[PDB]
Amino acid sequence: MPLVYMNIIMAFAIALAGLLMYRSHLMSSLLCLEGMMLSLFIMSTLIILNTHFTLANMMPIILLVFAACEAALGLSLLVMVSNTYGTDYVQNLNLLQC
Amino acid sequence: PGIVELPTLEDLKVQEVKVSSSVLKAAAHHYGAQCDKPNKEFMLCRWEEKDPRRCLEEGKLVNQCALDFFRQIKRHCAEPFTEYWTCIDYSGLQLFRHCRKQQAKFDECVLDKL
Amino acid sequence: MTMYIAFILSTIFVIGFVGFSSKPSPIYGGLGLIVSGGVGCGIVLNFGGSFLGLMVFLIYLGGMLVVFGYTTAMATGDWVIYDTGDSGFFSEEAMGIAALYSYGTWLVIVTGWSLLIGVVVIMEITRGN
Amino acid sequence: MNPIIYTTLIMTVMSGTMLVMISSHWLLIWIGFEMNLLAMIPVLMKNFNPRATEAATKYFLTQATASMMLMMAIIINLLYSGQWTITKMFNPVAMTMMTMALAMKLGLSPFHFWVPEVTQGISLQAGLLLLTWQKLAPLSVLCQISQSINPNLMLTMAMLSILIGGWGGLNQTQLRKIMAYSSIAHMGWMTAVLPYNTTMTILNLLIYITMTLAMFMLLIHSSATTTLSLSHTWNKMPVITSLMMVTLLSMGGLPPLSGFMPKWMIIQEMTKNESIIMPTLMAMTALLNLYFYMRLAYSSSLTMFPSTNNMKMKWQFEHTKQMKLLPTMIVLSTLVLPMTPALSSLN
Amino acid sequence: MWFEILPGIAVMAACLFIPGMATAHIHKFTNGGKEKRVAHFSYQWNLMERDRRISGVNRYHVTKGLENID
Amino acid sequence: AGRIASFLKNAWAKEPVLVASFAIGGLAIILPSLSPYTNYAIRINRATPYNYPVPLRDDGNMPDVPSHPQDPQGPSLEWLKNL
Amino acid sequence: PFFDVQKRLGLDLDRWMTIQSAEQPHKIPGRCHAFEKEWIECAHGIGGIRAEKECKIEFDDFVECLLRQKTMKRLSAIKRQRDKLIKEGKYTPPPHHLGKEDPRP
Amino acid sequence: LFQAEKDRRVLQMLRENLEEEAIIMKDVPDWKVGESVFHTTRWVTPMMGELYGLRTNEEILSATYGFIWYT
Amino acid sequence: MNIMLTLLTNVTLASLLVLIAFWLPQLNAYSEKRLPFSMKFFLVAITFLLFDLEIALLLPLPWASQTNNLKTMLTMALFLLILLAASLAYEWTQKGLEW
Amino acid sequence: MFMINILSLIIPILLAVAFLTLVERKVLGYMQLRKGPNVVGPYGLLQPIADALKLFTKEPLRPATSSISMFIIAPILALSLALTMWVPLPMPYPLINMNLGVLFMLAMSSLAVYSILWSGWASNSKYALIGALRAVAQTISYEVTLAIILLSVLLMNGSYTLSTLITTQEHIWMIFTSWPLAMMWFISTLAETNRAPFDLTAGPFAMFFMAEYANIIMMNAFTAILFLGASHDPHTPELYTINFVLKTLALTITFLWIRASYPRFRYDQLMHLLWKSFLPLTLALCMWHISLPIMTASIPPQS
Ligand SMILES: CCCCCCCCCCCCCCCCC[C@@H](O)O[C@H](CO[C@H](O)CCCCCCCCCCCCCCC)COP(=O)(O)OCC[N+](C)(C)C
Ligand SMILES: CCCCCCCC/C=C\CCCCCCCC(=O)O[C@H](COC(=O)CCCCCCC/C=C/CCCCCCCC)COP(=O)(O)OCCN
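Protein chains in written order, with the entry's author numbering: chain k, 1 to 98; chain u, 2 to 115; chain m, 1 to 76, 123 to 175; chain i, 1 to 347; chain S, 1 to 70; chain U, 2 to 84; chain h, 2 to 106; chain W, 74 to 144; chain j, 1 to 33, 48 to 113; chain s, 1 to 201, 217 to 318.
Some hints here could point you the wrong way.
Claimed, not checked - 30 Å max Cα-Cα, derived DSSO-like pairs, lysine-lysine:
#, chain 1, residue 1, chain 2, residue 2
1, W, 79, h, 57
2, h, 88, h, 74
3, h, 8, j, 85
4, j, 109, j, 54
5, u, 51, h, 28
6, j, 54, U, 15
7, u, 51, S, 36
8, h, 54, h, 80
9, W, 79, u, 26
Simulated from the structure, these hints should not be mistaken for lab results.
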């Protein structure tokens, strides 16, 4: 497993870590999710092209589309959250508690 | 686990055909029509053995037959053929369509000659 | 060997990823993600994925991150593992992608249904009340 | 929302779950998970209020993170072996990655934090859907790859889930959070037997689904979301409270009721694999679940809490809409112990 | 009158004349007096590489005709 | 029958773009299934050689496979040239 | 769990995209087609545990074809030894490596 | 003809690499010259780094990215 | 390399021109003296994103036309476009394209 | 000699967009019963030089509170994209020959909105932010139908290669095969560049102006290649170059014609125009052009 794959998994790791740190600004959480998807697409495309798996060339497209769909969903939710509070801050979602 | 076996450099020595891609393209149809049998030997053996190390003799045979074909072409119609390949070389995509007139000459020459 | 161009591109990828992972000023995070996406599409293009890299550059950058920036503005080692043979008189990536309509009938059906349901769901959520 | 739209969304959720269940390609399983998540959000937000929106946002974030982790695991498994089929995982890193992904999807501890809040925010029907139907696809995926999972991580997370559910159920006054913690504990019980027997997992899943369906339908029939609001039901329909008390006793694993069937069998199978300490710990921990079920029974049926005058008008009305299969769910979740050996049907 | 617009337009035309024509001459100056060979699909690229190896001067456009067959 | 014709009239006025779009869509949907040249297009797609035709080893029991390209046996592409 | 609807109805909904050696368009082969074919033939109709204990050689060959860890390690060792020996100054590189030597079609 | 020339060229590069590896590894204790990394004896198509590994960087970059970068 | 060099040249020339434009007039001494969050624009952005995803799905058609499964490819492409038109119609009739 | 080729591609485009301002002014004046600039120079032939020097000598107004970073990035990106767009164009031989030239141009046009977005954000004004959001939404909305029309038209070409469009139109123009698509494409190109009737919105301003006008000439050249094909003789490319330049000039003069001939739309009016008249018809024509080669057995060759 070469060094470029190491770099891409490392980028995915930083994206996941940044998603889990949660300073504020849920939009940053969506950005971290979307960077995770971009890293997934990059690594999957590299794997598929290196091994010449022809029929697997569909898988990136599909994945991208689905993730982008999820992106829209998140944005919509974010907007509604903002409409309730005026800001997309993380701490404003403290109504429900354990 | 094991040692790979590779043929010696002497076994890969053969009189390579030394024409450009345009020259090969110009005579491609006659090359396929005339040199078909050794080419089919080589291709069938290559697709059956799945081993480059077991297909050297047929490669030498197809090179020899191609050399024979080009020697005949040079002997019989050097002038007609030269004009035709030259036209092909000029085109960026090496299109047959662009210079039909040259082809009519070469073909008839070959039809008269060989 | 241009000093491991793929390695340099990967390093810039990780650099942009850690730049936007600190989550400063979400517009700046989007800028870092733009740079990272461009670098990754460059990685794909240099590897040989012309159409998939151009899909990244078109879809991702021009629609998805553009919508992200729009909504934000609303608010406040290589060369060794490579191949040896040729592809023929075409490109394997394009044929594999275009085989979607011949082989991936199930994939097209499920993806189209998901897209239509997504449109419906977006309208449902954005209605409000 | 529009009844046609609601039916379409429900069918889309069920179709995504079925696609996960009947597919053999990893990308199709991921697509089914994405479809389920995409169609689940409006269902959680059918009744619009800030609570529902916040719960839906929490659920979406958790499920999107879990799906990203699952796709990363699939990509790693493909990288170390060019395979897309759902089989042996061929890699330990991919296995632990997708193990945590499925644990987060199922709400198993330590990924249990979202379950009580998402259940509390959404309505009773959406809570029923979330706690019953949304457990089939991840459990099916786990059952398909049970030979590759590391027993240590499975057992640790299952024991943590049971302990956390038992401890957290004690401090709750809201019934929906009680249901969420009960679901967490039962999920730990289901998961603790996956490395040994998936048939036990499926049997426990069926029993738990029947019990929680009966309990949720009883809670919908008597529109109560809190212990105090539930304490008033005896003055309008005591039969409902009596059936509820019997079902609550069953949910605690008390013999000869139905809830004793899974635990017993699970314990037996674990003792077949020379594991004695863990089943004992799980039983003594489920004692806490039984304790808070008994407290709810005390506050529900075995004693008569004070009532209100305005209940008299409620005496003059009958439920216009009646749920079907509720008697069947209660009977199945209470009195099917003598037909225990039927589990040989590989349910 | 209206033909007084023509001078500036002419300049524009001259400007738009320069790039493409220049490229053509460039492609004729660098590719041995012929069109620049296009290479998609990786087969004609192999043809160009073989021509470069055959020529002996490390230039693909130096064609070796029949006189090189001996 | 009168209601449908009246609806088509009312739609052709004050809504011509939608009428044209629906007409073109219906024609594009229905016409290919009854056009006789789709089989010709399929046959043309079959006739394009992208790969090398690998010959078969002879065993003296294949009278239909030609031994040389010029041999009369095998598929004939005269139909395409006549088009 | 797994409801094998495809095998019951003979549908082939998603089995065409599972493996490299399964009917690629235009007969384009995978990079490790033969290795995966051999592994599948070894492990077919035997079960999981027996496939893992008995078809270990085929899977090792397939994974080596996929990732080329051994080949890269050997090439890196050769490169390291040649670089060290050239730094010491006892080996002179051949003309073919230099690129001075003429190419063959 | 292109196929035949390709096999001959690839075999020649492999033979030269074997000769230089044998020259290079005369002194290392546990090495074996021209040893395969596969259990099987079937022919395996060599990688890009197997043929051009011991050659110059200019030809390495050519053989790797010539078709990709040619425009 | 050629595309890299072209991009580098364009970027360098643009940077030089902008730098000169911003600095040449800066050397001579001179005087040197909300909430609304409209939803319709967000909706149009979202539907643009969804239609862009469907366009991305539709893109490989020029190579999809040479497959020997002409009936299947034609049916699948017409199905994709029918679903696209259905999404547009659904957004139209539910008052989703209004101002 | 590649750098010389790049320079000989770049500089003439800058000179052409320099003199296009004078051509537009003179054409508008003569269409308005007056003259254009005819005093500074023999026929205003030195007017662009005077305007360039005057713009390059005038003080720039930094808002004193704006973010400098994106404020300076935006014109660089705009001008770089405008100059990069010309690269794949075959006239008749492209500087860089790409397989997916059309996809490259589409991706760069998609990138083009980022300059507008960043300039709007960096203005530090709510009104300018509203205007920028409005323009970005319009641009992406018309980009949708741009992409759909482009793919439906290329379905009769066989590939995304730009040079093959010359071979495709060897005998007939594609204006005859699909004039409705060309009509909608012309209107969409008018809409993308914020030109009349869709134009609802010193140094950096000058750079943005060059980017916009280079985009205009680019779009006219692309339309001319796409729909008004010329005959290319490999033994004389100058004929194709002259034909292409003349058609591009005709299309640009036509752009000035619609600018001088009509009033402008409202924003909701053009949004409704697109989403309720072009998109349905565009989808119908996309299905029609998908089915047409199959039903007539005239599928383009390359794959
Ligand atoms: C049997 C049960 C029916 C009721 C249950 C339905 C469940 C939900 C509906 C989805 C299931 C539909 C089955 C379609 C599976 C796709 C595969 C099958 O159709 O065969 C294909 C045939 O394709 C068909 O044309 C598919 C057309 C069906 C799609 C049209 C309508 C889609 C509606 C489905 C539901 C979508 C949402 C609701 C819409 C109203 C394969 O083509 P073929 O060429 O042999 O082989 C290709 C492989 N090669 C290349 C190696 C040779
Ligand atoms: C079966 C084939 C389907 C696929 C082909 C279609 C391709 C794409 C076309 C559809 C795109 C989206 C269409 C969305 C329809 C929206 C309908 C609607 O709600 O609009 C109404 C207006 O339109 C209607 O009244 C409903 C549709 C009217 C009928 C349209 C044509 C019906 C079919 C005609 C052709 C039939 C087939 C051809 C036969 C001709 C002979 C060959 C409201 O208008 P407002 O903008 O709100 O303004 C009102 C205030 N003044």
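30 Å Cα cutoff - pair residue 109 of chain j, residue 54 of chain j: holds, 11 Å
Given hint residue 26 of chain u paired with residue 79 of chain W - CA-CA distance at most 30 Å: holds, 18 Å
Pairwise hint evaluation, residue 28 of chain h against residue 51 of chain u, where the allowed Cα distance is 30 Å at most: holds, 16 Å
Pair hint outcome, residue 51 of chain u versus residue 36 of chain S [Cα-Cα no greater than 30 Å]: violated, 37 Å
Satisfaction of hint between residue 80 of chain h and residue 54 of chain h, Cα-Cα up to 30 Å: violated, 36 Å
Restraint status (C-alpha distance of residue 88 of chain h to residue 74 of chain h at most 30 Å): holds, 21 Å
Restraint status (C-alpha distance of residue 54 of chain j to residue 15 of chain U at most 30 Å): holds, 26 Å
Distance restraint between residue 79 of chain W and residue 57 of chain h, which requires alpha-carbon spacing of 30 Å or less: violated, 34 Å
Agreement of residue 8 of chain h and residue 85 of chain j with the hint, judged by alpha carbon distance not exceeding 30 Å: The hint holds at about 26 Å.
Consistency with the previously given hints fails for numbers 1, 7 and 8, ordered from lowest to highest.
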